[PDB]
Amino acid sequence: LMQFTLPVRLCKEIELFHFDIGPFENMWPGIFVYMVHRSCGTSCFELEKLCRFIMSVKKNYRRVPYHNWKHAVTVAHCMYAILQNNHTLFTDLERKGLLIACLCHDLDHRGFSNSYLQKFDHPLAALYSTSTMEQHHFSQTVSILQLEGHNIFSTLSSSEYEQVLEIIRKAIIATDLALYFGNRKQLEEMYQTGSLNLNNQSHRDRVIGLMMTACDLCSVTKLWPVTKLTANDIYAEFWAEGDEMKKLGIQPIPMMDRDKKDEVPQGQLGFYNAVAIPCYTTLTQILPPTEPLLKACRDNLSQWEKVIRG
């Protein structure tokens, strides 16, 4: 009977795709519990276990400019908005699993890409050859779920537990952008030829993978003042990785070079055209109620076009 409530402005704007979770970090756990309760029910998780799972997840995110605790909650909010607008399409296990997968998808991120770990010869690159960081984020998630008093899935059967952990594993691995390109091409082909079948588990996995990419890139779907400020945090990480590449004796790509700061607007156009617009277009074809994400993405693309033209 202990329902979570938000102030009037948050209660209303939290339903919109472009919601910004605000600068008050101590409100983010309550915002996440509110989303879980409205998304799958007040009974799907024991509140005490859920709150201690959330605080351990928070503790395992680092103080990096972009891939931090705020990103985790923002990505879970985009998933909440997708699930709420496509209410009949997902199973009880999927709703439970996807919000948790989004909260944990970047656990213990250090601000470095998979390419940097490979060139540095980091131990994680020997342990996981492909999707290096993403396999580490899933491994961190399993570690937290195995802590005393943190198993939020304890009332699930052995079979259902294995299913929810498999949903989480695939959802987290799908956040590796290198896998997105082929996934979106396969989905576009299945949709156009009419062979896309949501009753086929293999097709469901692809659709969930595209939803993870869409949530993960949701900074490009906020209102322009938010999108523009978030780009500073994204580039603060890219530039630090570029500096680390220079220390290895490798010239970074222009996007990561802080001496090529002037090329940022043009690089943003390339990203929206090659990555963001295709992603939200294919997502709207499969899930028509996600159209506001594509609309906001197109608005930000034209704002970046205005930046290049002075």
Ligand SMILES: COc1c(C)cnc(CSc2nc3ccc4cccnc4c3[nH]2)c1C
Given for the second form:
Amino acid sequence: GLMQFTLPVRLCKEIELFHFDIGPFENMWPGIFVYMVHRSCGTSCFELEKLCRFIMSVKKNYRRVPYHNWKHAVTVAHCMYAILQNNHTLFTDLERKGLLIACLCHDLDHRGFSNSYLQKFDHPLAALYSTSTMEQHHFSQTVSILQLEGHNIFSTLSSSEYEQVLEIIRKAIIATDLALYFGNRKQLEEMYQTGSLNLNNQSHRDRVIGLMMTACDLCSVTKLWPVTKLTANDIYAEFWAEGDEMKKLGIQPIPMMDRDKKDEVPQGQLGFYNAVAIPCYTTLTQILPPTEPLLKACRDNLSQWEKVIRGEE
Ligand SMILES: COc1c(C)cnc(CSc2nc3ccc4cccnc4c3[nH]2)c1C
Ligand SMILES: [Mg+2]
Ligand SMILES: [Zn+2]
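Starting from the form solved without the ligand, produce the coordinates for the form deposited with the ligand bound.
Every chain and every other molecule in the complex is listed next, the one we just looked at coming first.
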């Protein structure tokens, strides 16, 4: 009850900044997450025995893939921590509980392959879930782990609060399907400009939470340049393996996944920042002004990719 987690001084300070990197010491990541839950939610939000057992079961159900791994889960949860901390009063007690857990679980049991690859392969998950295939799988796995004896961190919620939190986590995880991001952001853009955006409207809150999930999920583009650049190696390591497997099915992959088109990475990064990253953090900054450091970090990184193209690095 009186047991806090404490980090070393450099981590205690930098963990509050949007651009924090959680470091290469895997054994510290669970404590970093518990620290963030305690400061974000309270030391009473969860029974520490059940939370610790939830964390270690979630860790076990992430695989050894280059990018969609346990480091990504904790990284995405840290970005959500920074958003919630910088927007103290805008979120309910249930939303703060649900969203950090949602981020930790958002890519559970990822195999390193896109929804398109599962469909073209004719993978069983593609028959079970026709759209947002992996994201429906990730939520399914989250419910499974919550139902293990000793793992139900929500047990002290009432029946209706339990149903509300699972529903927050479900929409939050579905919203990390990038196919759905584009329409979600256009709607939030119209609503903000015509002035109809209303944060007491549940359907509006849902949309805003969806954008927060895209922002946290893409947060490698908001780090210091050396982190952004080294994470891009892991992202393309997964993509190029998928392209290899497309060729095995007799299908030319899109250039993003074809290792033979490495040379076009810098130009592909520009398109991604201009079409997805910048618009995402711009709309998020309009709705939640204190998230501006993410937009500023994203624009810095766009500038670094432009310098790569101009041969300056
Ligand atoms: C997970 O989201 C991402 C993040 C965070 C960073 N980078 C990316 C990759 S963006 C990207 N879009 C394209 C389009 C054509 C390409 C042709 C040749 C090489 N790379 C390409 C590329 N990379 C993604 C998808
Ligand atoms: Mg995902
Ligand atoms: Zn993810």
